[PDB]
Each structure stands twice: as structure tokens, then as C-alpha cells.
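Each chain, written out:
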Amino acid sequence: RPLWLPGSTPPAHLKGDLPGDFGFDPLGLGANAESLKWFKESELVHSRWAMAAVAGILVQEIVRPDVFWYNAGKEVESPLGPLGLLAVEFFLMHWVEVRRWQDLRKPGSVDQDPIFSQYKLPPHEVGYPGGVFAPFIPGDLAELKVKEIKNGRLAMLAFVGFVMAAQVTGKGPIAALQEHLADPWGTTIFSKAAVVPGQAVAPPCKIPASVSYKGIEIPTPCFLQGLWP
Amino acid sequence: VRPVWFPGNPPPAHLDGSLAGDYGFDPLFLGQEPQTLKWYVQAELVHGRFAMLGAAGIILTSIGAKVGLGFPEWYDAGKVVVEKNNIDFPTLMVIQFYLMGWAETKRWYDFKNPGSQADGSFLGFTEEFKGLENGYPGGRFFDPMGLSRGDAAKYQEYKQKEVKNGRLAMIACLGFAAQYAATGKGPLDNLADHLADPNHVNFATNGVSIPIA
Amino acid sequence: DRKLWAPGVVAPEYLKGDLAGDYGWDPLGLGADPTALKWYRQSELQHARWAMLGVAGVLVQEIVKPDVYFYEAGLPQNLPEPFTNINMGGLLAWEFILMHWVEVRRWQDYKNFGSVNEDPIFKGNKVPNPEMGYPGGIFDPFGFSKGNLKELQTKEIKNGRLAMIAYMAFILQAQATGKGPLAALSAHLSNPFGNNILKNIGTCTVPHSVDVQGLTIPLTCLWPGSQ
Ligand code: CLA
Ligand code: CLA
Ligand code: CLA
Ligand SMILES: CC1=C[C@H](O)CC(C)(C)[C@H]1/C=C/C(C)=C/C=C/C(C)=C/C=C/C=C(C)/C=C/C=C(C)/C=C/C1=C(C)C[C@H](O)CC1(C)C
Ligand SMILES: CC1=C[C@H](O)CC(C)(C)[C@H]1/C=C/C(C)=C/C=C/C(C)=C/C=C/C=C(C)/C=C/C=C(C)/C=C/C1=C(C)C[C@H](O)CC1(C)C
Ligand SMILES: CCCCCCCCCCCCC/C=C\[C@H](O)[C@H](N)CO
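Residue numbers (PDB author numbering), protein chains in the order written: chain 6, 29 to 257; chain 7, 29 to 241; chain 5, 31 to 257.
Hint data in this document are derived by calculation from the structure and do not stem from the laboratory.
Some hints here could point you the wrong way.
Unchecked claim - With a Cα cut of at most 30 Å, we get these calculated DSBU-like pairs of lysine-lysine:
no.: 1; chain 1: 7; residue 1: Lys112; chain 2: 6; residue 2: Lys242
no.: 2; chain 1: 5; residue 1: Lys156; chain 2: 6; residue 2: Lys175
no.: 3; chain 1: 6; residue 1: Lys43; chain 2: 5; residue 2: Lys141
no.: 4; chain 1: 6; residue 1: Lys134; chain 2: 7; residue 2: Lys158
no.: 5; chain 1: 6; residue 1: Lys68; chain 2: 7; residue 2: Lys158
no.: 6; chain 1: 6; residue 1: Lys65; chain 2: 7; residue 2: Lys187
no.: 7; chain 1: 6; residue 1: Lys148; chain 2: 6; residue 2: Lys134
no.: 8; chain 1: 6; residue 1: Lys178; chain 2: 7; residue 2: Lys192
no.: 9; chain 1: 5; residue 1: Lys46; chain 2: 6; residue 2: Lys43
no.: 10; chain 1: 7; residue 1: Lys182; chain 2: 6; residue 2: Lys43
no.: 11; chain 1: 5; residue 1: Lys141; chain 2: 7; residue 2: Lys192
no.: 12; chain 1: 6; residue 1: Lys65; chain 2: 7; residue 2: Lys94
no.: 13; chain 1: 7; residue 1: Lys187; chain 2: 6; residue 2: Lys43
no.: 14; chain 1: 7; residue 1: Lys182; chain 2: 5; residue 2: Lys141
no.: 15; chain 1: 6; residue 1: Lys178; chain 2: 5; residue 2: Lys33
no.: 16; chain 1: 7; residue 1: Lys94; chain 2: 7; residue 2: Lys134
no.: 17; chain 1: 6; residue 1: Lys173; chain 2: 5; residue 2: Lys46
no.: 18; chain 1: 6; residue 1: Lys43; chain 2: 7; residue 2: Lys134
no.: 19; chain 1: 6; residue 1: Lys178; chain 2: 5; residue 2: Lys153
no.: 20; chain 1: 6; residue 1: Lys220; chain 2: 7; residue 2: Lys94
no.: 21; chain 1: 6; residue 1: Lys175; chain 2: 5; residue 2: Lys153
no.: 22; chain 1: 7; residue 1: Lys182; chain 2: 5; residue 2: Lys68
no.: 23; chain 1: 6; residue 1: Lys43; chain 2: 6; residue 2: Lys175
no.: 24; chain 1: 5; residue 1: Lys156; chain 2: 6; residue 2: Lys43
no.: 25; chain 1: 5; residue 1: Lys141; chain 2: 7; residue 2: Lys187
no.: 26; chain 1: 6; residue 1: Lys68; chain 2: 7; residue 2: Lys134
no.: 27; chain 1: 7; residue 1: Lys213; chain 2: 6; residue 2: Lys65
no.: 28; chain 1: 5; residue 1: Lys141; chain 2: 6; residue 2: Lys178
no.: 29; chain 1: 7; residue 1: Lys189; chain 2: 6; residue 2: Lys199
no.: 30; chain 1: 7; residue 1: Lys189; chain 2: 6; residue 2: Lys234
no.: 31; chain 1: 6; residue 1: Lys65; chain 2: 7; residue 2: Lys112
no.: 32; chain 1: 7; residue 1: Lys189; chain 2: 5; residue 2: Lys156
no.: 33; chain 1: 6; residue 1: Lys234; chain 2: 7; residue 2: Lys187
no.: 34; chain 1: 7; residue 1: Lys189; chain 2: 5; residue 2: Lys68
no.: 35; chain 1: 6; residue 1: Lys68; chain 2: 7; residue 2: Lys94
no.: 36; chain 1: 6; residue 1: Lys68; chain 2: 7; residue 2: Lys112
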């Protein structure tokens, strides 16, 4: 059985039933049944959101190399006003998240289409809607589920790395990859900073403290810059 | 059997090792009575939790102060916030006293009558204020991760870690106060001065701690 | 019976002679706990092997490169080509990643014996691993373990202890005089009554600090001598 540490004893609350179960829980946050049931949905939502975000950032830089992803919310002009876009996004996201949350607390209760009484989602698990949400399923269900959770974990760590690299160097993922491949011995985080008992040096935050978006001065600070190594 | 604060000395009868962080340290017998020990247990837990929050905040602010971030020291943050932001000090004090009064009063009356706050008289919430043990208020609001309702051994280990970290944070806050009153600078400034020269920059050379030096 | 470290002393009950190099020497009784004894045996094996490697490296470096000081050999300006003036950050990253991987594998082998012998990528490539701290297989390709392993392990631990003492002697000699062990030996042979620990002591040739490129690394001697 695959585990996060070969030859290690997995925790008692992890029996290898859920997809992606590799017996990794040092804090035991998944010991409770209700907490684990809620965290499973949270991890699935996080996985899909991070995968979509990483794909979006990569396509955004490849297609548009002159637009920084961190500045994507700043240098994009659209006829639809920012307040109108926020209202539309808030209403649609609120509706879908309410439906998902109700299915979490009460399974098989919001699977019915309100406008048309003939459409209804087939019985499924929690966090895996299926039906209209899964038109094509090429391969095994359990195998694809494991692939989904693994790709999601990698995408979550990838988005965190994207944010940190954009805050430390100010370059996108492709730009950072090329700069790192050019000088690998001097472009890693170890080369940029080091801490000793007599000195503590950290790389400067390339992101400006304030961003003037229609004269409002939106604060854009580097995530925990004081704790940077 | 278990380790004590003074090896070779027998532990007292009122300290049998049932509580977390029990080392049999009570030379003045202040907690010999059961109700008094219960009250002191809750007092020590609250003190340690507040000390932990204070030590974490002071360390983080001093970290931001050492680096070029403009963070004020912990002994001047109140003045900086009250003068920088148009905030009335007595109004903030009254709001803080109102919130703390409501929370601490519910906690006090729960200590007097365990499980009384779970009657549903506060907005209908019942299981969120039922309470687990003395000084350990379990529930979905205080413990949304559910760590107190699963893996008993891990829970006891976390209880020991919490009491030890609380005592360490209390000692840390006392050290912060003494360091500020003796050297005049922040804790990280004192740490940098000590790391720069540990043989000559310490409490034996500050000129305040040891008067005969 | 085996020979003890002191004539007339009685060896501890937990030191019967099973492990190699057991002279019945444990004045602090740190071997009373079996778990602690196994951990200390692994620690001693690591110390012995690393010390032997360090002593041999210092000696061969002083022979092949007599003009490069082994104490200051860690500076980037003293590295040979094509590694001169290289960024120490990437070097530290390389060492951290590789050493972290192998040390985690070794630690897992200590915690769970015989659980990480198999190669995680290419299945079927395992090591025999008879005892703890003795993996063998790919680590011993010449196959010298198919014989008297007791005397061989005894020689290994004794040579490692001698090398530990030797490397610490090298460190203190370089700290008091400022030269390699071979150079210090030649200097002592030139005048034994003039170059010894009676006069070279009290002087610490190691400076207060060093500025490796951008950051400053504090340095000190093992004793409060004259800087
Ligand atoms: C986390 C999801 C996510 C988010 C928040 C964004 C956000 C953004 N993208 Mg992006 N994108 C994404 C995913 C995402 N993208 C993916 C997965 C791809 C790969 C196909 C792309 C490829 C892409 C390109 C090529 C470009 C952007 C651009 C932009 C920026 C302006 C475009 C815009 O919103 O106007 C509105 C967009 C439209 C009106 C087009 C129609 C929108 C369709 C119909 C919606 C599709 C619905 C979708 C399938 C539902 C899945 C939901 C799920 C992701 C949660 C904006 C900040 C542009 C940019 O870089 O700015 C300069 C741009 O050039 N994106
Ligand atoms: C998701 C994996 C991932 C990957 C592939 C990278 C890759 C990279 N990072 Mg990054 N990083 C990551 C995660 C990752 N990071 C996370 C989670 C953080 C937050 C702690 C950071 C914080 C960070 C900073 C602050 C910086 C980089 C920088 C860099 C680049 C220079 C070399 C370096 O590795 O520095 C060091 C990287 C780390 C210390 C974190 C790496 C740890 C990840 C999780 C390892 C993943 C292991 C996985 C098996 C390998 C990925 C698969 C891959 C083969 C596709 C490089 C292209 C530097 C840069 O911007 O380039 C100029 C830079 O300064 N990273
Ligand atoms: C919470 C533990 C703690 C820690 C880590 C420190 C650390 C430090 N203190 Mg401090 N101190 C503490 C508690 C602590 N103190 C307490 C409770 C008091 C009130 C009596 C003081 C009163 C004090 C003064 C007056 C001064 C310092 C000073 C200093 C700095 C160096 C010089 C020195 O060692 O003075 C000696 C410190 C003591 C004699 C206090 C020791 C008593 C505690 C209980 C022992 C802590 C040791 C701890 C258990 C072992 C390390 C923990 C862990 C890493 C293993 C240094 C960074 C000096 C300074 O500001 O630098 C300029 C200074 O003059 N401290
Ligand atoms: C046991 C016993 C018994 C026997 O019999 C006898 C004897 C011996 C006597 C004993 C002992 C005792 C002791 C030791 C005690 C101590 C205590 C403490 C120290 C506490 C503290 C405690 C401490 C604490 C709480 C603290 C807390 C803190 C805090 C909140 C802080 C806050 C803050 C911050 C953040 C920052 C800002 O800027 C400011 C402020 C606002 C200020
Ligand atoms: C047994 C016991 C027990 C009882 O009970 C008590 C008592 C008595 C206490 C005891 C004893 C103890 C002891 C003696 C100890 C010691 C140890 C040692 C010496 C170590 C070293 C050890 C040592 C070691 C490791 C070493 C190592 C080395 C090295 C790495 C080096 C490296 C290098 C080189 C090559 C050179 C170059 O240029 C650089 C470098 C990089 C620098
Ligand atoms: C537009 C007004 C919306 C409500 C505004 C705030 C009113 C606050 C009332 C909260 C109700 C608290 C108690 C609620 C449910 C009780 O548990 C049950 N009625 C008891 O049977």
C-alpha cells in the first residue's frame, strides 16, 4: 500500500478507503468523522480551484507574455464595470456554493432542477456530483479519482509557489522557470537569502505596497514579508 | 514514578498527576482544596492562553520592527494606534469590557453550574456551550476541527503541550517586561545585542539587574 | 573473556561483548536504555565513518595540495576550477536536498528495521541489511562481508574512534598554530622544545568572523585564547 513514508504506521483514523489516502495526518485533523467528511469536500473544492487557477495562469502567460498574472486584476479593462462584475460573480458563486453546501449537509436534497421537473441528478456521493457534471468518464472511476486528488495537491502547491515567486521576483511561472534554468546555482531561494545569528537578509518585495486602481490605493502587500528567510 | 519539579521530593496528595502538566509543584499548598484547585486550573489555562497570544503578537511585531516595515514596539503600539487612527481610547476600553464581560460572565456561570449554558437561552445554541471538562470548553465553536472529540491519547498529549507552552509564554511575558524595564528596548533588539556579543551583553552587564556589579 | 579498558574494573551488565569494540566502557551509564543504546550505536557509527573520511581527506588534500589551508578551504575563493567563486547558496541547496533524502532513508531504517531496503523506483533492487547501520548490497559491491564480520566491524569501530580523536586533534592544532597537521608535525620535528602545546596554546589564529560574499559568518576557537 502506498504511503507518504515507506515503512511507517499510518494513523488509526486512516484505513485507505477514501481516494488519495496515503496515511498522512500528523496533527490528526481527520480523526473525527464529521470533520473528515467536511474536509474531504474542502480538499476537493481546493483541488479543482487550484487546478483551474494554475491552468489559467499558464495559458495567460503563454498567450499574453506582456501581462503579469499578479497584475491581471489591475491592467484589464472591460465595458462591464468592476462593481457590476463583482455583483454578477457574487450572485452566481453564492447560488452554486449554497447548492453545494446544502448537498453536503443534506445529501440527495438539491439534485433536482428547479426550472424543469424532468431533469434530476442521479444518486451519487458527496463531493462527486456526476450526471450532467460528468458527461465523459474515460477510464476507471477510482483510478481517475486518485489522479484527480493527486493533480489537485500538486496544483495547490503550484499555486502557492506561483504566488511566492511572483512576490519575491516579480516574474511569472514561465519567466521564473527560464531565469532559474539560465543560472540555477544563483537563482534559487538559497542564493537570494540566508539567515545567521549575526545577520538576517531577505529578498526585497517586488510588489508595490499600494496600487492606484481608479484613485483608491488598494494595498497589495507581500504575504508575511517579515517572516521571509 | 512520574517526574516532579524537585527530584527526590514526594509529590503532594492534591497533585496526583491527573491534570495536564502535573509535576507536583505546590510548596505553599495554594491548591489543596478541590474547588480551589479547579478554579486555579481554569485560571492557569486562561493565563497561559493569553500569554501565548501576547508572546506571539510581541514576537511578530518585533520581527516586523527589526526589518524595515515600520512596525512599532509592543510598548508603544497602543499610542501609535490611538494617535494614528481616530480611535477614542475610553470607547475602545468600554467595547472591550463589554465583549469580555459577556464571554467571561458566561464562562464564570458555567464554572459555577457545569452545562448550564447549554440550556439554549442564548440564541438557541445548546451543544456549542455544553463544555467538556474544567478549563477545556469543547464544541463546534471553540474547537471546529474536532480535535477534542477523537484520539484520546493525542488529546492528552495536546493538553500537555498546551499547559507547557502556556507556562513558557507566561515566563516569556515576564521576561519581556523585565527586559523593557532594564534595557529599554524591544525583545528582539536585546536578542540582537546578545547575539552580537554574548560574553559582554547580558543581564550581568546591563548595570540594572545586578546593582553590585 | 575480552579485555576491559581498565585493569580491575567490572564491565556493565548491559555490555557483554555482543557489539564490536566493546571494552566495557560506560562511566555515564548512557547505555542503560536499550533504545538509547541502539541510537547511540548508530550515532557512533556515523561519527566514526565521517571522521575517517574527514581525516583521510585532510591528509590527502595536504599531500596533493600543500598550499591550500584545510581550515580556510571552505571559502569560495579557495575552491578549485571550475567551482571557484561559485554561489554558495546553490551549493548548500544541493547538499541539503541530497543529504536530507539519504538521512531520511537512514532514519526510517533505524525506526522501522528492514522497511526501506527496496528501491522505490526500480522494484527488485534491495539490500540485504543484516544489522542496523550495516546495509551492504549496493553499499558493499566488493562483497567483503561474506566472512569474519566480527573482527572486521571491530577494526572499523576502532579505526573510527582513532580518526575521531585525530580529526579533533587536527582542529585544535589548526586553531592554536594555524597550519595543517603535516605542516605542524614538520614544525614540531624542527624544534620539539620550541613548538609544542606549552607555547602554542593561548593563541587563537581563527579570526572573529568571515565575510563569505554577502553575509558574515561568526567564527570562534574551542577555548578562550588570544584572537
Ligand atoms: C480560476 C479560474 C480562472 C480565473 C479566475 C481567470 C481569470 C482571468 N483570466 Mg483566465 N483562463 C482560465 C481560468 C481562469 N481565468 C483557464 C482554465 C484558461 C485556459 C483555457 C484560461 C485562459 C485565459 C486566457 C487566454 C486569458 C485569460 C484571461 C483572464 C483575465 C481576464 C479575462 C476575463 O475574466 O474576462 C472575461 C472572459 C470572457 C468573457 C470569455 C468567456 C468566458 C467563458 C465563456 C467562461 C467559461 C466558463 C468555465 C468553463 C467554467 C469553469 C468554472 C471553473 C473554472 C471554476 C482574468 C483575470 C485573459 C488575460 O490574460 O487578461 C489579459 C486572457 O488572455 N484566461
Ligand atoms: C509546487 C512545486 C514547486 C516548484 C516546481 C517550484 C519551482 C521553483 N521555485 Mg518555488 N515554491 C514552492 C513550490 C515550488 N517551486 C512553494 C510551495 C513555495 C512556498 C514555500 C515556494 C516558494 C518559492 C520562492 C520564494 C522562490 C521559489 C523559486 C523557484 C524557482 C527557483 C529554484 C527553486 O526551486 O527555489 C526554491 C523552491 C522552494 C524552496 C520550494 C520548493 C518546494 C516544492 C513544494 C517541491 C515540490 C516537489 C515536487 C516533487 C517537484 C515538483 C515537480 C516538478 C518536477 C514538475 C523554481 C523554478 C525562486 C524563484 O522565484 O525563482 C527565481 C524563489 O525565490 N519558490
Ligand atoms: C522565557 C525565557 C527567556 C529567554 C529565552 C530569555 C532570553 C534573554 N534574556 Mg531574559 N528574562 C526572562 C526570561 C527569558 N529571557 C525572565 C523570566 C526574566 C525576569 C527575571 C528575564 C529578565 C531579563 C533581563 C533583565 C535581561 C534579560 C536579557 C535576555 C537576553 C540575553 C542576556 C541574558 O541571557 O540575560 C539573562 C536572562 C535571565 C537570567 C533569565 C533566565 C530565567 C528564565 C526562566 C530561564 C530561561 C532559560 C530557558 C529555560 C532556556 C532556553 C529555552 C530554550 C531555547 C531551550 C536573552 C535573549 C538581557 C537583555 O535584555 O539583553 C540585552 C537582560 O538584561 N532577561
Ligand atoms: C506555581 C506557584 C504555586 C506555589 O505554591 C507558589 C509560587 C511559587 C508563587 C507559584 C508560582 C507562580 C508563578 C510563577 C506565577 C507567574 C505567573 C505569570 C508569570 C503570569 C503571567 C501572565 C502573562 C500574561 C497573561 C501576559 C499576557 C500578555 C498580553 C496579553 C500582551 C498583550 C500585548 C501585546 C500582544 C502587544 C501590544 O503592543 C501590547 C499588549 C496589549 C500589552
Ligand atoms: C564514550 C563516552 C560515553 C561515556 O559514558 C562518557 C564519555 C567519556 C564522555 C564518552 C566519550 C565521548 C567521546 C570521547 C566523544 C568524542 C567524539 C569525537 C572525538 C567526535 C569527533 C568526530 C569528528 C568528525 C565527525 C569529523 C568529521 C570531519 C569532517 C566532516 C571534515 C570535513 C572537511 C574536510 C575533509 C577538510 C576540508 O578542508 C573541509 C571540511 C569540510 C571541514
Ligand atoms: C430582518 C430581521 C432578521 C432578524 C434580525 C435579527 C433578529 C435576531 C433573532 C434571532 C433568533 C434567535 C433565536 C432563534 C431561534 C430559537 O432557537 C427558536 N425560536 C426557539 O424555539
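Let me make sure I understand: some of the numbered hints might not hold for this structure. Which ones are they, in numerical order? Failing hints, ascending: 8, 9, 12, 15, 16, 17, 18, 26, 27, 29, 30, 31, 32, 33, 35, 36.
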